[PDB]
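Chemist: Please take these sequences and the hints and turn them into a complete structure.
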Amino acid sequence: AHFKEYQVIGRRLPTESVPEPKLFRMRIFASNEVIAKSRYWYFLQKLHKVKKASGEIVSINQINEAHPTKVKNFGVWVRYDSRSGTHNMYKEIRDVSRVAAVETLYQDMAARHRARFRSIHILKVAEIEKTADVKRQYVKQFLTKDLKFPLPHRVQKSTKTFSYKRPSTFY
Amino acid sequence: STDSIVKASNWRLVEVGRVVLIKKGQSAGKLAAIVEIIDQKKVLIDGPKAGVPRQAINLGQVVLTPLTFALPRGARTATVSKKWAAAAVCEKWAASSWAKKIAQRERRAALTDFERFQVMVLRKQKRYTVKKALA
Amino acid sequence: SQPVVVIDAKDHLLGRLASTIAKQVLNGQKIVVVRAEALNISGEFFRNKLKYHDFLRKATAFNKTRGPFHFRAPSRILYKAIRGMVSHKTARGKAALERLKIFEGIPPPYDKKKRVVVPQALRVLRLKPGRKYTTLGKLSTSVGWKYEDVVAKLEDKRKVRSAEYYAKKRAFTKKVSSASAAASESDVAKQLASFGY
Amino acid sequence: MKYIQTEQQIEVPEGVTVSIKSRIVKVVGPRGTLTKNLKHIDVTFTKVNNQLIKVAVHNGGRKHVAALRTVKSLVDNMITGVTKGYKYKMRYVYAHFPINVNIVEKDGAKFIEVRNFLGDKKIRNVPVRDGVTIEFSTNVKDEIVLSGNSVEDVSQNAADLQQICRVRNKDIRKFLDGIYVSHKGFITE
RNA sequence: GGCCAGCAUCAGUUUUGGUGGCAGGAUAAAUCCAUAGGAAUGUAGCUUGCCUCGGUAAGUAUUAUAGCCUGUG
RNA sequence: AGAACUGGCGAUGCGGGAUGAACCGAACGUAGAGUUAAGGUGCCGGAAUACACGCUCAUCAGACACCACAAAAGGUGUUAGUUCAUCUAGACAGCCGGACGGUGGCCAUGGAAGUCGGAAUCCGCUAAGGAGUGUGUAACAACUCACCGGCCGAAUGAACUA
RNA sequence: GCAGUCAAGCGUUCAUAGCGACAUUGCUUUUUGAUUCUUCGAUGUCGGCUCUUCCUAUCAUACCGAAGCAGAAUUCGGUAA
RNA sequence: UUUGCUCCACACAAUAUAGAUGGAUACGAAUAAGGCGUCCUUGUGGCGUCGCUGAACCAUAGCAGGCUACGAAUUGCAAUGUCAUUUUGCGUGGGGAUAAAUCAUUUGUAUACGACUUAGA
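Chains as they are written, first to last, in the deposited numbering: chain S, 2 to 172; chain M, 2 to 136; chain J, 2 to 198; chain F, 1 to 189.
Among these hints, one or two may not hold up.
With a cut-off of at most 35 Å between alpha-carbon atoms, the simulated DSBU-like pairs for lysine-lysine come out as follows [as the list claims (entries may be wrong)]:
#1 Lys114(J) - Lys81(J)
#2 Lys83(M) - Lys141(S)
#3 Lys101(M) - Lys24(M)
#4 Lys154(J) - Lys191(J)
#5 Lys106(F) - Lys26(F)
#6 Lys59(J) - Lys11(J)
#7 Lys95(J) - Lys24(M)
#8 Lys176(J) - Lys42(M)
#9 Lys102(M) - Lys90(J)
#10 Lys149(S) - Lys31(M)
Here are the in silico distance ranges between beta carbons for each label pair [unchecked claim]:
#11 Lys114(J) - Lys84(F): 56 to 66 Å
#12 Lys31(J) - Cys91(M): 48 to 58 Å
#13 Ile6(M) - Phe163(S): 53 to 63 Å
#14 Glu66(S) - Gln41(M): 19 to 29 Å
#15 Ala56(F) - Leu135(M): 44 to 54 Å
#16 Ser73(F) - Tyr167(J): 58 to 68 Å
#17 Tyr167(J) - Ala2(S): 21 to 31 Å
#18 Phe196(J) - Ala2(S): 27 to 37 Å
#19 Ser73(F) - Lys47(S): 28 to 38 Å
#20 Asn59(M) - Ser73(F): 20 to 30 Å
#21 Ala109(F) - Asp109(S): 54 to 64 Å
#22 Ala56(F) - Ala104(M): 50 to 60 Å
Some chain S residues flagged as far from chain J (calculated, every beta-carbon gap over 10 Å) [to be verified]:
#23 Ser39
#24 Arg40
#25 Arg84
#26 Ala133
#27 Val135
#28 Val156
#29 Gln157
#30 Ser159
#31 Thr162
#32 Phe163
#33 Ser164
#34 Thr170
Think of the hints as simulated: they come from the structure by calculation, not from any bench.
Positions of the beta carbon are idealized from the N, C-alpha and C atoms, including for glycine.
Modeler: Quick look at the structure:
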């Protein structure tokens, strides 16, 4: 999914008594500006007394990456509703941007725990700054010093349906 | 003890600075260098001279060439363009017959009709001058 | 494009060869399968033998000469798996199934004629290394095929005779590879390296 | 999960070579010639020393480490069966009927035969395998010895002698007889 | 003197390509250049067991005979 | 069996659900082209043996809601995760050494130092060893061992979730 | 009908070598109870004789396991029609 | 009474198209492993090269391709542009071969009838 990390500002409507309600900020992950606002008004509605017709979406802004050519050790916190009892989880992604880490968060979350996008709240996406605090083994086996590995069995892509010679798979 | 004959395979290992080749996509067929790995399936490539930008691509699109050149981990485009020209990769690549065959295969579909007919004339002379000499 | 396509079947998957044959023989390409006893099939041996002794049970229980005719040869198992994938009840299915012959081993109608290999159906390309395959000759002999020793002898008697043809061809080939590699330096070839060939 | 690499290594002693290609491992050592096929596990060997040899599997997915460690220990046992061998010493137990075990030179193998086992009159037949050297004990008159090179023969033959001496439909905790392996020593120690 | 076809210039409904001009955005973010700061999956120099010129090791040091990131322009 | 509201079927074909009165899409004059709906694209079968991340190998797998059935309970089979956690002052282990003397502390007595058994409990040596965890002689013996110590320099035990 | 899940207590102090309560949960169409869907311009109705094929939830035969199993007969189950 | 009948011939005419119009162009075997070449103390060898598509390899110059050693404009701006190939008849010339079975009749090793089974110049 081509996600786009959005930044939304929302406020209650100005009352004649107090014409300055506080601007609340969210930085969410959504596919476009419509479900951006509709996931904003579902998160803020769990926290403060405001519906969609009682407040105005002040500002939409895309958040492009601070460095989109750098491998980052993301530690994402998440909660998700299972088929019985909701749970807190903390995964580990090693992709290049916050936009492209949450996709493969959702993919393997729907793969290993069968939770769809309507059951998942992304809590906090933090780039871990060093190698000490990260404790997931599927990243501590990737960050190793001067890592080499081969791809042992490279199958061939095909274009025709009659190869005149026996295939070689050696790489 | 006498010497042991142990051999399995000589892989072309995906390592730092492995000169890899994009086989699918918009910028396919131009060289690139694996800067640093990301996961099992996607690496970070950066090839300055050939025209590709600095991307993070699957290993499905790429093809590992046997020739490797050195660089430190996480290298930027400037440092890899320095190491690229100082290691002379674009000249060392064309010496392989794989690049020779890929240029010949590029040329054959670039031939026009009269360049095909002159091939049809010239292919009536090589065997005509050779196949009488084997007796 | 050759009108009689000789599909070798050493280590092809059964269903994946059956589909790419039943689509090709429906359009007119006269396909002959050769060495259909070396066909492979997914899953282990003791799963597929059970899925065949779960098929031998099905027969018309008022007269057993009417229902499912369980052909047990490793040619005709692939033939059943192609008869399933074409509509053999119609007439287009009959005139398409007439365009297919299936042999075990290599009969000398097709001795010296070129074997081609289906790439999308190969075991070495379509299984994961570590899963269990099953040789179709290993299956049919367990389920009641009396013809392994005849085909094994008639096949390796062919292979030992074919190896000396290859030994003659490999001696003949380096005659041309010594004549032309000492004559490719000339201007007749340098006028062609500017044309790609 | 997927791994990247785990590795074991085989440590060869003095006198032995290992000539391996296409997953057929081999030992031509001070006593024997063990060829052992390994054609279904997708292992990779690579020589680092004349004294030890790397044997490493890549990613696999933890259904492969259980293969890599057993394929390490298989070649370890296959080497040490030629360097020092195996020697299983088995012993008769009998309550009343004295057991008679002997050999015979049949037209098949050297068929070791056991009779008088709890008074039975069917003379039992056990074949021997090829590398399994069978001998007796002439200090204690109740003891037999198997030895050889390959563990899947020299222990399988003791298994074949300890399988068929099975008490049928009587209490095993009251009628305790048969032949039993005691000392799994080595042929030079 | 008809009917039946071919091609061209049109008209309607389309369906499929290559290229250009303009705007918006963190007046895109990046890469690139300049400065400061820092750290290790530590780049040279320096104690350190022979080997092969620092190679063996792991300490020393934070840009040197590689480079990396953060903050700014 | 009986009501409430809407839609349907009766009166209604067509594309999909293998076929099905009610479901899904859609309602119909005859024709040509384009576009889709619901549904699908290995083959029968029109259409990607397309791309990408994962998980499963079932000796009765699994594959389109209605639907043509599936529970309560179990499996270190695998995969992800939560929370305590012994513990680099060498944890648990895996091989190996001790388990000592004060002291047979007292009753059952035909025979019981710890041990067919019972009311029951202080100290030395320390690196540590329980009037004591079982085998055992009618009884004394001799092992075991939580407790330390030699090696190991690697960590890991524990419950639970989906 | 009992095939499964928890099994007080008993079998000489001896919870699953076995049995037997409190009681929870889900099969089966082979009963009966239930509705009234299919023929009221009739599908011949019980029972036995005869004859073929099938199912497993095994009474016997085959092979095992575990049984306070000395043998022996029992008894407890497993694959198996 | 080679009127018959078949085998080779191209002689004519007619017939069915599951669909020929450059070429079905041959090692085998393993894929966590191979092919090909050089050399030797001919091996599970030391060495080199190669695959990463058969997009290859062969043939294709000439009335759908002729004389000898120029020839085909005016099939008029496209109108299959026929040449395929298993069959068969009729006629010509060139060789060859000289039978069986069924009914009827009989038999009982068979039998409802058909069928089986034998016997008859």
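Chemist: Hints first: check each against the structure and report whether it holds.
Modeler: Quick rundown of the hints versus the structure:
{"no.": "1", "hint": "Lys114(J) - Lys81(J)", "verdict": "holds (26 Å)"}
{"no.": "2", "hint": "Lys83(M) - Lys141(S)", "verdict": "holds (31 Å)"}
{"no.": "3", "hint": "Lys101(M) - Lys24(M)", "verdict": "holds (17 Å)"}
{"no.": "4", "hint": "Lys154(J) - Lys191(J)", "verdict": "violated (52 Å)"}
{"no.": "5", "hint": "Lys106(F) - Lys26(F)", "verdict": "holds (32 Å)"}
{"no.": "6", "hint": "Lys59(J) - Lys11(J)", "verdict": "holds (30 Å)"}
{"no.": "7", "hint": "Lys95(J) - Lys24(M)", "verdict": "violated (43 Å)"}
{"no.": "8", "hint": "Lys176(J) - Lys42(M)", "verdict": "violated (47 Å)"}
{"no.": "9", "hint": "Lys102(M) - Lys90(J)", "verdict": "violated (50 Å)"}
{"no.": "10", "hint": "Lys149(S) - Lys31(M)", "verdict": "holds (24 Å)"}
{"no.": "11", "hint": "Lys114(J) - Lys84(F): 56 to 66 Å", "verdict": "holds (57 Å)"}
{"no.": "12", "hint": "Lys31(J) - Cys91(M): 48 to 58 Å", "verdict": "holds (50 Å)"}
{"no.": "13", "hint": "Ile6(M) - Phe163(S): 53 to 63 Å", "verdict": "violated (38 Å)"}
{"no.": "14", "hint": "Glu66(S) - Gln41(M): 19 to 29 Å", "verdict": "holds (23 Å)"}
{"no.": "15", "hint": "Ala56(F) - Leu135(M): 44 to 54 Å", "verdict": "holds (51 Å)"}
{"no.": "16", "hint": "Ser73(F) - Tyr167(J): 58 to 68 Å", "verdict": "violated (42 Å)"}
{"no.": "17", "hint": "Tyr167(J) - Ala2(S): 21 to 31 Å", "verdict": "violated (55 Å)"}
{"no.": "18", "hint": "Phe196(J) - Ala2(S): 27 to 37 Å", "verdict": "violated (50 Å)"}
{"no.": "19", "hint": "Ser73(F) - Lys47(S): 28 to 38 Å", "verdict": "violated (57 Å)"}
{"no.": "20", "hint": "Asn59(M) - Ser73(F): 20 to 30 Å", "verdict": "violated (38 Å)"}
{"no.": "21", "hint": "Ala109(F) - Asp109(S): 54 to 64 Å", "verdict": "holds (58 Å)"}
{"no.": "22", "hint": "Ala56(F) - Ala104(M): 50 to 60 Å", "verdict": "violated (38 Å)"}
{"no.": "23", "hint": "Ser39", "verdict": "holds (42 Å)"}
{"no.": "24", "hint": "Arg40", "verdict": "holds (39 Å)"}
{"no.": "25", "hint": "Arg84", "verdict": "holds (30 Å)"}
{"no.": "26", "hint": "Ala133", "verdict": "holds (36 Å)"}
{"no.": "27", "hint": "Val135", "verdict": "holds (31 Å)"}
{"no.": "28", "hint": "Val156", "verdict": "violated (5 Å)"}
{"no.": "29", "hint": "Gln157", "verdict": "violated (7 Å)"}
{"no.": "30", "hint": "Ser159", "verdict": "violated (4 Å)"}
{"no.": "31", "hint": "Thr162", "verdict": "violated (6 Å)"}
{"no.": "32", "hint": "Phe163", "verdict": "violated (5 Å)"}
{"no.": "33", "hint": "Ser164", "verdict": "violated (4 Å)"}
{"no.": "34", "hint": "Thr170", "verdict": "violated (6 Å)"}
Consistency with the previously given hints fails for numbers 4, 7, 8, 9, 13, 16, 17, 18, 19, 20, 22, 28, 29, 30, 31, 32, 33, 34, ordered from lowest to highest.
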